[PDB]
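K.L.:
Here are the chains, one letter per residue:
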Amino acid sequence: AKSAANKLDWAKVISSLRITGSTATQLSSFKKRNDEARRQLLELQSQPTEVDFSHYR
Amino acid sequence: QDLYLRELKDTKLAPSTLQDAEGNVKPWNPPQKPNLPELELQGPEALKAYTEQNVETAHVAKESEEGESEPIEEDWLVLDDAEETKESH
Amino acid sequence: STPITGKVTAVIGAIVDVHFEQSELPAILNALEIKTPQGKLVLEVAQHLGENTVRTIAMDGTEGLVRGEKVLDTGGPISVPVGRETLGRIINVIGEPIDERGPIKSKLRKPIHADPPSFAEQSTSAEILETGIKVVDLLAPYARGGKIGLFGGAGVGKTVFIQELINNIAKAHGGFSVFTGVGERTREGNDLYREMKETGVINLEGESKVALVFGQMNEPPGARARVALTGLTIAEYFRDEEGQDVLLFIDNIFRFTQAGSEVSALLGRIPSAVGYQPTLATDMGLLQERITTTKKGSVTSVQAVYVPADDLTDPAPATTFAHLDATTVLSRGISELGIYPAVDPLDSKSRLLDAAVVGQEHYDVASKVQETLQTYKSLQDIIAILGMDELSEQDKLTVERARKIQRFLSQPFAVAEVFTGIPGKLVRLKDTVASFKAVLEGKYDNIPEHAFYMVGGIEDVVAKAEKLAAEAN
Amino acid sequence: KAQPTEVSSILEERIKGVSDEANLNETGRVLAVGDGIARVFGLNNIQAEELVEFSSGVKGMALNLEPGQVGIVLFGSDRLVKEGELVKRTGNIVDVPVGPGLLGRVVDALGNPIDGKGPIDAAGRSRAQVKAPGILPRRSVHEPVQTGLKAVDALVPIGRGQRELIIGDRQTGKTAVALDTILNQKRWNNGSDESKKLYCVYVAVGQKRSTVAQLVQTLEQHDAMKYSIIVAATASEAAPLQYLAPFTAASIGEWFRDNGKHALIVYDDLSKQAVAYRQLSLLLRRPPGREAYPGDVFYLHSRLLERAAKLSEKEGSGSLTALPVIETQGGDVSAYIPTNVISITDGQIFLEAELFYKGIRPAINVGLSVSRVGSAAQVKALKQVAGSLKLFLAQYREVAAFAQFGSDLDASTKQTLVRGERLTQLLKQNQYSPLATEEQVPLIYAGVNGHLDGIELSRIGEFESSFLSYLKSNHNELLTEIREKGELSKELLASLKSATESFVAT
Amino acid sequence: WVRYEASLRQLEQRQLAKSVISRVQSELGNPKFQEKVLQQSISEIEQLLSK
Ligand SMILES: Nc1ncnc2c1ncn2[C@@H]1O[C@H](COP(=O)(O)OP(=O)(O)OP(=O)(O)O)[C@@H](O)[C@H]1O
Ligand SMILES: Nc1ncnc2c1ncn2[C@@H]1O[C@H](COP(=O)(O)OP(=O)(O)OP(=O)(O)O)[C@@H](O)[C@H]1O
Ligand SMILES: [Mg+2]
Ligand SMILES: [Mg+2]
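Protein chains in written order, with this note's numbering: chain Z, 109 to 165; chain X, 1419 to 1507; chain P, 26 to 498; chain F, 267 to 772; chain A, 1119 to 1169.
Derived from the structure by calculation, the hints contain no laboratory data.
Treat each hint with caution, since some may be false.
[To be verified] So the derived list for chain A, only partly shown, Cβ under 10 Å to chain F, looks like this: (1) 1126; (2) 1128; (3) 1130; (4) 1131; (5) 1134; (6) 1136; (7) 1140; (8) 1161; (9) 1165; (10) 1166; (11) 1169.
[Stated by the list, open to error] In the BS3-like style, the derived pairs of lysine-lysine whose C-alpha atoms are separated by at most 25 Å in a straight line are: (12) F/624 to Z/110; (13) F/763 to Z/115; (14) P/393 to F/763; (15) X/1451 to P/321; (16) P/132 to P/393.
In this text, a Cβ means the ideal position worked out from N, Cα and C, and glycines have one as well.
Isolated chain Z, as found in the complex:
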């Protein structure tokens, strides 16, 4: 999924050789990498959102 999302992004960079000066498609790809990179970090740092009534309480 994550590798599949940008797999087609390596298709547009090949498509970008004939189309030079793309204002926002790369930015949209940049945006879809900026938020997605924020996704993996968010879930990996995400502890189980709970207070351990057994131990931590």
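Fit chains X, P, F and A with the ligands to the given chain Z structure using the hints.
P.N.:
Leaving out everything else, chains X, P, F and A with the ligands in the frame of chain Z:
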């Protein structure tokens, strides 16, 4: 032997009312009760912030919308601007 | 109780041996007493020799000491007055007011020798104290809860740097300050006393925010080695009982180890390296560990060290390096180059210079400044013999930028304006980092290098260049 | 809290029981006390190096056993001791508690819990002076210790049981590499495979308590304290305690080593160990040696360091890796203790301020920094499969060997110049950012097939970061395959080359 | 709310330290010092009689 028993007894007279019981404290002039369990009970939240992060303020996330759902006045302009770029492309 | 009394057997320079009686042996580091015609001579006990004999250290001169004189035991370590009343009163190694402003009316008296505050230690290494001096703010920020280096040889300007700090920090700060002044010239102490009087920091009929301790080189070695602890005791009383931010100041910590070496030879111990005391690291650590941030309170201590014969590898400076976070070497070569302050930017160094604390932009600016200055030192040998024309174009650009930078690190002081003729100036951190980054980018390379000397911000450099091109050229 | 009250009551009752069961008569009498030294008349049958108790409550170790009176050093201050005090004998040689409850705690040289988190659960009690393993009960170093530093991994390998010295100057980064290794071990310290676990044990001899407070705050922030033990000997403590602490920590690590586990010891600033021993020997009127140091400082360091070893399969194939630190004055490695320690260790890691101010953050002098073990104790992925990771040492020697004296002659010289300077800019790393072998391999592999085409020097850092991103995304198969198998197969070499050239074209 | 409890643990021991001052000041004002020598006498008898 007694010299340990009596100091063990001494631990049951001077600090018995200190924490073992709640008979305040005889040697001290300042009281023991209105410091820790009432003034310093809120002490941990007197060190951190109150009514905002101890209550924790479980706040609804601010909702962000799409591009105002107004495509016609921008998609064609983008399409017109796409013509401008592809002439320069 | 009965007064513990004994007989003096040996008086060896500053070392006195006392023979006592049945089970009358005093404690180590405990004040004794000799009724001298001049006054009171206390005999701090250093070691026990057995046979009811103890080896002691005299805090005053041992003139007129006859063997067999009556001695008296105080019963504890040297006791000094402590409290807010000490503010504005100049005291001594023993605690008597030497300001002749009447007797001291202290409420508490505390022992001189204490212990380090265990692991009740906080670590708040995030408070960059705004000093005003351009060089220190960039490459070695001073922490508000740390210990400050100030190294350097004779006549390198360490005391002037201390006066600049006391001018810029003490005035605009909420919290008491203590100046111990170990083994400096009495002239310097007198000037410092006067200046705090006129400035208003201490008022003879006011509040006063400084407790003045003083031990000069006129004191014998024992007093010069104990006065630092006496001032530290005042600092500790103000940090604990009052719960204030104290600002301990000394003039020279090297004199403490020097006096320790003085007393060590006659104390009867095998000499250590280059004739120092064997108990150098231990005693110096005992002295400099009591000075600490101390969870209930906080302290900043601007240390000051004298390097013997401009040797940075001398055992005392080498040992005191490890107990300091922010350091300042004040190399002499910079002094004969005319750049005052004479601090060496390549050896200043501090822990707070990290991107998380000082900021990413500041870290990058400091790193690039270090590179520009270090390229000059690397190419010095080639430049000295052959010349700059034998260098590459990039080498020429780097060396001229380095010259401009190292000339721009200079800053006038409000204390040493008599030695410069230029009024003192202060530069904020945000201003100096921006100016240095602007110079690094190459925005100012047509400006003559002389325009960076005795200036503040980059705007001052621009103005100086304008004048230089106007009338000078 | 009434519970500590009865705990103290039963403490006092066994205190009485222990105290009134001695009836000793050889209990000596203090003749004289010096600066932390006390000669005592008595203890006729005292053992050497044996612990004692003074009537005040201060401990002492029996160094000198000359006839008549005995030389006792003081674990603490001579504050409370006088002449004519009865000196209690322990009956045993100085000992330190050992066990698995040490993890997550901070103790002193003796081993008392000093962090203030309660008592210590000790599985045993070992000597401070134990004999190093013999010639046979050991095995050569083969398993590599992953430092997380590319310059310390691909260039100067270290492994289980070796002795790598961080030689260098003051505030050059000596503690940085050690703490980075401690943080890097978290990757495998969180698993289940005990053969890959590396518990960390660290000594702090002479460093001020504020520094160790910042350090322990550091390990707990990155969640490394759970597998680390800190023994502290600040300059405030007496010289005997500082002199003893590294030996106690060596025993602590040897517990894991003999129990089949793997552990890492950092002998931080072993020089102040030497100066504390100097103070000890001089205060004992022992004849000094060269430059006032005691003669047997070489033996002191040898006995301490050689205890670290890689055991053989017969005893359990445990390991103990020594990581000592020595600070030199003005880069003078010809100094006595620096020479002894460079001759005692299994290699060294030189750090100098000049490269530090040149921009190189690790400041590793690859010219002098050498390891006595090369191919052994190195992950194979950073080895012959990568090819040049057998011989970057020669390449970095030659690039330094033609800087201006070996001025560029032809295109080969220019190519080597660009390659070397790009690599030196590539080896840079930042503190508190340990890395892993599976992403070491791609970066340096790119250093052989396309590195001069890097996007100018100031932007090769985000080049390496973006290369790591382009290999962690859409190319996780390469990273995995090279991280479990640990080497690069022929098809794996082809895939890695293809990926490197694909991002080169990018 | 944990280190406050931990600080509650540490502070509680601290007034127990000054409690010992109250305890020890109670220890010095007794005729037990006369009675305590008999405690050694019976104890030292039990000590060497064991041997
Ligand atoms: N900022 C400055 N501007 C001008 N002159 C300065 C400055 N700082 C120091 N000096 C000069 O340096 C010289 C020595 O000054 P100072 O008394 O501070 O020396 P020092 O290093 O503290 O001395 P010592 O080793 O005797 O304690 C004086 O001639 C003084 O004018
Ligand atoms: N990779 C790095 N990136 C950034 N800063 C670093 C790096 N390595 C070291 N430093 C900095 O270098 C300085 C010294 O590093 P470190 O804490 O390892 O000290 P050290 O060399 O062990 O010296 P000491 O003997 O004085 O403790 C510190 O200011 C630290 O932040
Ligand atoms: Mg001076
Ligand atoms: Mg370090």
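K.L.:
Each hint: holds or not?
P.N.:
Now the hints, each set against the structure:
1. Evaluation of the residue 1126 of chain A hint against chain F yields a held restraint, the C-beta minimum of about 9 Å falling below 10 Å.
2. Because the beta carbon of residue 1128 of chain A sits about 7 Å from the nearest beta carbon in chain F, less than 10 Å, this interface hint is met.
3. Hint status for residue 1130 of chain A: holds, given a least beta-carbon distance of 6 Å to chain F, under 10 Å.
4. With 10 Å as the threshold, the beta carbon of residue 1131 of chain A comes within range of chain F, its nearest partner Cβ sitting at about 8 Å, so the hint holds.
5. At about 8 Å, the closest approach between the beta carbon of residue 1134 of chain A and any beta carbon in chain F falls short of 10 Å, and the interface hint on this residue holds.
6. With its C-beta approaching chain F no nearer than about 15 Å, residue 1136 of chain A sits outside the 10 Å limit, and its interface hint is violated.
7. At its closest, the beta carbon of residue 1140 of chain A sits 14 Å from a beta carbon of chain F; the interface hint therefore is violated under the 10 Å criterion.
8. Taking 10 Å as the C-beta cut-off, the interface hint given for residue 1161 of chain A holds, the closest approach to chain F being about 6 Å.
9. This hint holds: residue 1165 of chain A has a C-beta 5 Å from the nearest C-beta of chain F, less than the 10 Å allowed.
10. The criterion of a C-beta within 10 Å of any C-beta in chain F is met by residue 1166 of chain A, whose closest approach is roughly 6 Å, and the hint holds.
11. Interface restraint check for residue 1169 of chain A: the shortest CB-CB distance to chain F comes to about 7 Å, inside 10 Å, so the restraint holds.
12. Restraint check: the Cα-Cα separation between residue 624 of chain F and residue 110 of chain Z comes to about 40 Å, which exceeds 25 Å; the hinted pair is violated.
13. Proximity of residue 763 of chain F to residue 115 of chain Z is assessed by CA-CA distance (about 19 Å); at most 25 Å being required, the pair is judged to hold.
14. A threshold of 25 Å between alpha carbons decides the hint, and for residue 393 of chain P with residue 763 of chain F the separation of about 35 Å lies outside it, so the pair is violated.
15. Taking the CA atoms of residue 1451 of chain X and residue 321 of chain P, the gap is about 23 Å. The hint holds against a cut of 25 Å.
16. Pair hint residue 132 of chain P plus residue 393 of chain P does not hold up; C-alpha atoms about 55 Å apart against a cutoff of 25 Å.
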